[PDB]
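What follows is one chain in structure tokens, specifically the form deposited without its partner chain.
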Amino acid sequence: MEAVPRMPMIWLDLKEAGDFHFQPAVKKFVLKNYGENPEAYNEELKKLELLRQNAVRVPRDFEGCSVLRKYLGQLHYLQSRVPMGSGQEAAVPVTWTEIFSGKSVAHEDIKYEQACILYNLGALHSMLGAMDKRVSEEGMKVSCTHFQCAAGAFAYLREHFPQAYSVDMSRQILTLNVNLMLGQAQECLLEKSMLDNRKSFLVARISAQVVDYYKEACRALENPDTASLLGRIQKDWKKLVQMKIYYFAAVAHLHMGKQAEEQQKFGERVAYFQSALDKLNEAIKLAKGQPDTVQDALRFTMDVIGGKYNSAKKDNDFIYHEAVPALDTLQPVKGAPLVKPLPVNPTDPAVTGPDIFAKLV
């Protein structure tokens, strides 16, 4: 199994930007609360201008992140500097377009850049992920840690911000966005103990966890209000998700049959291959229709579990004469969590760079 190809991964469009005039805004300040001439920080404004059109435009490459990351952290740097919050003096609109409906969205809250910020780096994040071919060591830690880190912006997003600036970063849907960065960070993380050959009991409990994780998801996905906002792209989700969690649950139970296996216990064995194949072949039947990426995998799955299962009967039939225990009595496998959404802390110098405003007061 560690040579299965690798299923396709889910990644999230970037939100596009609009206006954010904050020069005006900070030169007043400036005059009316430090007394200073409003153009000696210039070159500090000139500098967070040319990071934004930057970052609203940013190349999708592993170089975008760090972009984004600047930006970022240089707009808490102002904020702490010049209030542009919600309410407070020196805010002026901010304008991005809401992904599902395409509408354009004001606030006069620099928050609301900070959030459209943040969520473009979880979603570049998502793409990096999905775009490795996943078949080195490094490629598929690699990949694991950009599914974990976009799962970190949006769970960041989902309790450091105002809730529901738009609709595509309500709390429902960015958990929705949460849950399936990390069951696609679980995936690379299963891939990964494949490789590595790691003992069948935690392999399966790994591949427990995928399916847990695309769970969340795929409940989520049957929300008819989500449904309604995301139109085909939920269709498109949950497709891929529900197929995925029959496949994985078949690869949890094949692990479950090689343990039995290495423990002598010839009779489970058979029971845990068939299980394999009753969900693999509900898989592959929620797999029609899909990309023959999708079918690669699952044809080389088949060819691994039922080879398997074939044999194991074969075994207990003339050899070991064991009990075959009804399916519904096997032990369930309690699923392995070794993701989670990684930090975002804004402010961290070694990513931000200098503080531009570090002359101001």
Given for the second form:
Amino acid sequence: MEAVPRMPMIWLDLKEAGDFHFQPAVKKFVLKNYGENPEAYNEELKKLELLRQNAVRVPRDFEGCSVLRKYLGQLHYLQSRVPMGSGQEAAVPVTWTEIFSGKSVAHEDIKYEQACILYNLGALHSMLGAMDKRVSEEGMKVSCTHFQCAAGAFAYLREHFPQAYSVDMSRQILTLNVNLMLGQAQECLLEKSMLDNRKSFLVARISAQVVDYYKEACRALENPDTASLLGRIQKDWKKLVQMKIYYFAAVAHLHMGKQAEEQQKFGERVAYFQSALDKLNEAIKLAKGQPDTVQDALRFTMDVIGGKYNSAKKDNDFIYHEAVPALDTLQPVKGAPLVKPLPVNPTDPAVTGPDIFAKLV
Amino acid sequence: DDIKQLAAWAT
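Next up, the form deposited with its partner chain bound. The previous block was the form deposited without its partner chain.
The next block holds the full complex; its first chain is the one shown before.
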């Protein structure tokens, strides 16, 4: 299974930004409350404007993630010197487009701008993670890290912005994004564990965790309120995720049979291989009409599982003559979560650079 | 062992 064709990955679109006329509010606040000439801050305002323009039209590469984190930190610095939150003195309208409706949403709240930048940080990470072919340990490692970063951005957004400014950033939807991103990260790690030919039991646990993450995401997609909001998107996501649930259940039980093989339990080996074959056949049914990338991975895995099942049954029928335990006799594999939402630190000086408004008293 | 190598790889 070292060279199994790579499954495709889901990514989220970035949000489109509208106006954020912070310049008049900062100049007004600077004169009124700091007693300084507002024109003395034209250079600082130019820098923040150039940073926002770069961040809202972020280059869809690795360096784009740094631009978003840098801008996010500078927004925290500004809010600590000029109050632009809800009901505060220098608050101005912030406008972004909501993903599912395509409609403009405006809030007079700088934390709404922070929230959208952090969503797009996770969205961009999901994009970069899904772009790679994962045929190199460098691209496999980068993709695994990207999906973990995406989970962390959405997780940070879920925790520190429980006021859902729009429905695409609501708790239930962000929870779906986090679980989906963690499943794809664990999936990348699974491909690595099978490349190294790690112990069979650990690979089973790693694949079983892929299943667990995708099962959590599939539950959210089957929620009627999530399905009505996502619309067609729920249909496309649920098709890939539901198939992957059975695909990686098959991979998990394939390696449980390998453990049974290593433990000289040749009747138990038949039971796990037959289970893996059944689960993979269900994944094949679920993959009708899916791209060739999915078909090529199922077909490769079928050659492995199908051959190993036939060989194991032949060995048991004519050599070992051991009892084949039922399906419901077997302890279910416990997933081994070896990925995590990588933390977001908004005011990390290494990611923000100097405070743009450091001279503002 | 196997886990520690894979855990460090994923960080």
